[PDB]
Amino acid sequence: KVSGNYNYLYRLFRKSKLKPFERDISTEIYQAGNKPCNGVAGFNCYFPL
Amino acid sequence: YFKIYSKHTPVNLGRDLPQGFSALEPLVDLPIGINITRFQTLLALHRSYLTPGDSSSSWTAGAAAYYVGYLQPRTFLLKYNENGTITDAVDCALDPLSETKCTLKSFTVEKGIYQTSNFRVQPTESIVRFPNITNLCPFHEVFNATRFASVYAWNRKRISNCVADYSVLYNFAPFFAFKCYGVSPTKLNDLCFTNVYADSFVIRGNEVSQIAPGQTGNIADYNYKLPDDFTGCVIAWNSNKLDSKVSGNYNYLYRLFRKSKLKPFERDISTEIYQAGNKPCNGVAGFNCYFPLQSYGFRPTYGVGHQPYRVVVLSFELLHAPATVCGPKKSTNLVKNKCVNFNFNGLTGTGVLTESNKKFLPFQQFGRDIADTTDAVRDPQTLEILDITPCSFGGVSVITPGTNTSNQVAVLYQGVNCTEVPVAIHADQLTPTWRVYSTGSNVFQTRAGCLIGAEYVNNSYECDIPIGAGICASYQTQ
Amino acid sequence: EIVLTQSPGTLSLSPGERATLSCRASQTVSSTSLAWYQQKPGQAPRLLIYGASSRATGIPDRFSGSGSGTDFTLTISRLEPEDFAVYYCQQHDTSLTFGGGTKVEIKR
Amino acid sequence: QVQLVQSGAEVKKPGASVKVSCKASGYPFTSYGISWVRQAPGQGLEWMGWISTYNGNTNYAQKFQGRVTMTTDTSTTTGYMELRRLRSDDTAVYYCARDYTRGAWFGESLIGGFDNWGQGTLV
Amino acid sequence: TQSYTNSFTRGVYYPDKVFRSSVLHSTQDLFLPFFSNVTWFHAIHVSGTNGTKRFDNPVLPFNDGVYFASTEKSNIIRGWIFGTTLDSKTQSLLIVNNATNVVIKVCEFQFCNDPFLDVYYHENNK
Ligand SMILES: *[C@@H]1O[C@H](CO[C@@H]2O[C@@H](C)[C@@H](O)[C@@H](O)[C@@H]2O)[C@@H](O[C@@H]2O[C@H](CO)[C@@H](O[C@@H]3O[C@H](CO)[C@@H](O)[C@H](O)[C@@H]3O)[C@H](O)[C@H]2NC(C)=O)[C@H](O)[C@H]1NC(C)=O
Ligand SMILES: *[C@@H]1O[C@H](CO)[C@@H](O)[C@H](O)[C@H]1NC(C)=O
Ligand SMILES: *[C@@H]1O[C@H](CO)[C@@H](O)[C@H](O)[C@H]1NC(C)=O
Ligand SMILES: *[C@@H]1O[C@H](CO)[C@@H](O)[C@H](O)[C@H]1NC(C)=O
Ligand SMILES: *[C@@H]1O[C@H](CO)[C@@H](O)[C@H](O)[C@H]1NC(C)=O
Ligand SMILES: *[C@@H]1O[C@H](CO)[C@@H](O)[C@H](O)[C@H]1NC(C)=O
Ligand SMILES: *[C@@H]1O[C@H](CO)[C@@H](O)[C@H](O)[C@H]1NC(C)=O
Ligand SMILES: *[C@@H]1O[C@H](CO)[C@@H](O)[C@H](O)[C@H]1NC(C)=O
Ligand SMILES: *[C@@H]1O[C@H](CO)[C@@H](O)[C@H](O)[C@H]1NC(C)=O
Ligand SMILES: *[C@@H]1O[C@H](CO)[C@@H](O)[C@H](O)[C@H]1NC(C)=O
Ligand SMILES: *[C@@H]1O[C@H](CO)[C@@H](O)[C@H](O)[C@H]1NC(C)=O
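Protein sequences, first through last, are from chains A, B, C, D and E.
Going left to right, the first sequence walks through residues 444 to 492 as the authors' numbering numbers them.
Going left to right, the second sequence walks through residues 200 to 677 as the authors' numbering numbers them.
Going left to right, the third sequence walks through residues 1 to 108 as the authors' numbering numbers them.
Going left to right, the fourth sequence walks through residues 1 to 123 as the authors' numbering numbers them.
Going left to right, the fifth sequence walks through residues 25 to 150 as the authors' numbering numbers them.
Hints are computed from structural coordinates only; laboratory data are not their basis.
Among these hints, one or two may not hold up.
[What the hints assert, rightly or not] Okay, the calculated beta carbon distance ranges per label pair: (1) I231(B) with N477(A): 32 to 38 Å; (2) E80(C) with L461(B): 56 to 62 Å; (3) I203(B) with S446(A): 49 to 55 Å; (4) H207(B) with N137(E): 25 to 31 Å; (5) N137(E) with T630(B): 40 to 46 Å; (6) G413(B) with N137(E): 52 to 58 Å; (7) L560(B) with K13(D): 47 to 53 Å.
We put the beta carbon where it would ideally sit given N, CA and C, even for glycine.
Required output: the full structure, derived from the provided sequences and hints.
Okay, structure coming up:
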């Protein structure tokens with residue numbers, strides 16, 4: 444799309460490695476640091492996809 | 200697969216787990232491919248009965264009619280009937296006689312002395328030691344400054360030999376997104392490059408997003424240029440309190456008019472008129488003649504975008520040149536007389552570290568016997584001779600009479616010392632499974648190794664099962 | 001050289017009241033060029049604020065910075081009576097100079 | 001953690017030279033400049049000395065230009081003033097500090113001041 | 025009625041069905057260890073003609089496979105739950121037995137434990 448074809452996504456963050464043949468669909472909070480966010484999705488707490 | 204074995208066994212009279220053997224047959228399986236960490240069972244809760252009350256635990260009994268076990272990977276020997284069914288079986292991780300049955304393929308073992316395996320003791324932890332480590336880089340001199348340049352005239356900061364400390368970069372003061380071009384935000388200190396080129400300036404916040412590969416605009420055509428395959432990152436932060444006058448700072452200019460485009464990382468800083476139309480101005484500066492640079496016109500009271508936003512770039516490169524700027528991880532502590540996986544500046548070995556009496560010359564960092572083997576290593580930041588001692592490996596024998604005359608055995612740990620490690624045989628440290636012998640009762644020492652499970656007798660009998668160094672074991676009647 | 005004109009001759013007020021410290025600029029000082037130095041009687045000097053009001057060594061609620069552009073000043077609220085320290089203000093635009101001086105007495 | 005120590009009180013006469021020592025430990029002696037100030041009763045502090053660590057570049061003040069010289073030792077991380085042209089009533093305390101206004105590698109104007117100081121010397 | 029007794033010698037299964045005869049083949053595989061601890065579990069929810077909640081069926085970690093043995097009257101134990109968080113937040117497995125059927129499925133069950141326990145759950149009467 445000349446503007447953007449945002450029908451697809453890819454994960455960028457996860458805590459551990461991957462096993463063979465499993466699916467990890469999840470909207471989680473990547474706690475980038477030490478601040479214990481509970482849904483803030485702001486500073487030091489970002490999106491995995 | 201989730202294969203489910205099955206065999207209905209009603210031959211039992213009702214006794215819990217009667218002694219015997221049988222075979223199991225599977226029926227079905229299917230794939231799911233899901234991580235699992237909880238096991239539960241479901242009942243016919245609408246009808247419950249025969250549930251007594253008790254508080255049994257820690258190897259006790261209480262009427263349940265249910266049995267739960269967790270399986271483990273084992274090597275395991277089977278005996279096939281001539282019909283094809285299974286008549287007998289043993290496992291090779293229970294008792295020394297079982298391991299003897301497994302080292303030679305039979306159900307009977309005769310008198311003699313055999314060989315099963317080794318018992319090399321595993322390490323306990325790992326330690327890393329590095330140069331004293333320091334002369335780090337003054338990266339704070341970039342962000343912490345009051346002389347931030349302009350977009351049309353930036354400063355080139357090349358980083359010389361130092362230690363790349365990125366702890367104050369992402370962990371401390373991460374005001375905005377890292378905006379990494381090609382680098383791991385977590386592994387910043389892990390991998391290092393040759394040199395870094397740093398530029399500091401100010402642009403519009405709406406024009407801040409223009410700093411990316413393949414992006415053009417008012418600032419990415421003549422002012423500043425980026426390679427498409429750029430690696431590194433850019434850090435942006437608010438600077439309203441930095442440069443905001445009553446009228447606003449007008450000394451910051453941006454290039455808008457130029458004859459052609461800009462080469463990657465080129466500064467076209469100049470003061471000349473633009474040849475617009477058919478007026479080749481020679482000092483007129485009148486009609487169709489304007490200065491390409493236009494005053495930014497800072498506004499302290501304006502909102503986002505026009506507010507001072509400073510971006511510092513980090514131009515990494517991987518060229519075939521000696522490493523110049525690199526930040527290693529902090530060296531851990533030191534241990535002595537403990538089997539650990541020592542690492543000394545690229546010398547990853549296992550063994551026991553002890554003080555050495557050697558007298559290394561000022562240009563000695565390794566040490567060898569005539570075997571092409573590492574012997575002594577100098578500490579990178581203690582300046583002494585640390586000797587290297589290997590682990591405590593050795594073999595395991597087993598002394599038995601005929602398997603059809605007795606069932607008790609004695610194990611000889613040759614070439615080691617009962618005063619040494621094997622007396623403290625423990626789980627998750629020693630490969631042999633049976634950490635059950637007390638190692639304090641019926642313990643004897645011999646030149647060939649210390650023997651477990653026999654009592655020294657000061658009689659004198661002819662040799663039945665030779666051991667070594669004159670000691671000869673034998674079965675006897677007390 | 002450019003020096004800073006300070007006129008807190010003596011803050012003869014009891015602890016626990018609002019206190020004002022003056023660091024009026026001579027001709028022009030940058031917004032991001034200010035330092036505050038503490039000097040208790042018979043102690044080593046120490047930096048207080050590396051900017052307008054951003055804390056460096058603790059500063060729970062007493063030492064505050066205010067102003068913008070050319071003029072700046074310091075505000076004290078709920079002073080703890082033990083300190084009675086000397087406060088100096090330093091500019092960074094021209095080399096390194098100190099303030100005139102400040103005295104705070106017991107105020108029995 | 002920062003440990004800045006200095007020598008004790010001294011008595012010196014005009015015509016000789018007074019030696020002042022400031023040892024530093026706990027922080028890297030490569031990226032922070034060394035500053036030296038003079039304090040006396042009845043007045044504030046000064047800007048008598050400023051040296052870097054990477055290079056021997058000096059930033060001595062115009063008041064005492066060409067009359068102050070101090071050596072820097074990276075091994076012991078020590079600033080050694082060998083002040084000359086002694087005068088009768090130069091009796092004042094001298095303080096060594098870890099500067100955070102100009103860097104020891106490039107030297108631009110930083111955002112900060114003398115966060116860490118020594119223990120002082122009397123002459 | 026939690027308890028721990030001896031495993032004795034049970035749980036010997038064919039590793040691969042491929043026929044062998046009069047041989048002594050050995051294998052490295054998942055087995056029930058000999059002479060090990062076997063745990064007796066008993067959910068205890070029945071008393072008189074009233075509820076008397078049990079708080080039984082403790083959750084167990086699911087690892088290294090599981091071996092379950094029982095002598096049910098007819099159909100006391102029917103189902104198994106394998107997964108994490110057992111809700112509509114992580115993928116869940118439902119495995120239930122029937123007269124002649126199975127309810128093997130994978131779904132996002134927020135909850136599936138609705139006992140509806142009989143007020144005359146004592147099977148002595150009904
Ligand atoms: C630019 O400068 C700021 C502020 O400068 C700080 O104060 C001056 C008086 C000098 O002493 C500077 O050396 C000092 O850095 C830097 O931000 C501050 O950095 C310090 C150093 O780590 C932070 O201290 C830490 O703070 C954490 C907070 O959780 C504590 O847990 C630590 O124990 C330690 O005290 C400080 O918090 C931080 N912020 C402030 C002072 O507001 C900034 O790092 C610097 N720029 C760069 C690129 O480094
Ligand atoms: C599965 O769940 C466990 C529970 O802690 C977790 O550790 C593991 O990372 C998960 N794996 C996947 C692939 O979801
Ligand atoms: C079962 O576990 C208990 C401790 O929980 C232990 O005392 C007992 O020896 C174990 N049973 C066997 C057969 O090892
Ligand atoms: C094996 O097959 C023979 C042949 O009929 C049969 O007689 C015998 O019962 C079977 N089982 C055993 C254990 O021999
Ligand atoms: C390395 O650092 C340690 C810290 O205790 C210090 O004792 C040692 O003298 C240093 N050595 C060098 C070579 O700097
Ligand atoms: C082994 O001894 C048993 C008696 O203990 C005897 O029945 C059997 O025949 C013997 N077998 C061999 C091979 O010696
Ligand atoms: C073996 O243990 C004995 C126990 O006293 C000890 O004296 C001896 O030194 C040990 N062997 C070695 C090689 O140290
Ligand atoms: C056996 O006799 C020896 C004599 O050499 C003696 O030293 C020892 O104490 C006796 N008892 C033993 C070895 O148990
Ligand atoms: C059982 O429940 C009923 C209704 O809740 C109550 O009336 C009755 O008393 C309960 N049984 C006993 C033994 O208390
Ligand atoms: C579950 O079992 C019952 C009998 O107990 C049967 O009637 C029913 O059809 C089964 N459900 C499924 C989905 O097979
Ligand atoms: C048993 O259950 C039946 C249900 O129909 C009920 O009528 C009866 O009273 C109960 N008790 C006895 C002793 O039968």
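Range first: 47 to 53 Å. Now tell me if the beta carbons of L560(B) and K13(D) are that far apart.
Roughly 50 Å apart at Cβ, these two residues keep to the hinted range, so it holds.
When you take the CB atoms of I231(B) and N477(A), is the distance between them in 32 to 38 Å?
36 Å, holds
Is the distance from the Cβ of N137(E) to the Cβ of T630(B) consistent with 40 to 46 Å?
Once the Cβ atoms are compared, 44 Å apart, the range 40 to 46 Å for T630(B) and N137(E) holds.
Within 52 to 58 Å: is that where the Cβ-Cβ distance between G413(B) and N137(E) falls?
55 Å, holds
Mind checking the hinted window 56 to 62 Å against the Cβ distance between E80(C) and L461(B)?
59 Å, holds
Tell me if the beta carbons of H207(B) and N137(E) are separated by a distance inside 25 to 31 Å.
Given about 29 Å between the Cβ atoms, the range holds.
Does the hinted range 49 to 55 Å hold for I203(B) and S446(A) at CB?
53 Å, holds
Checked against the numbered hints above, the structure breaks none of them.
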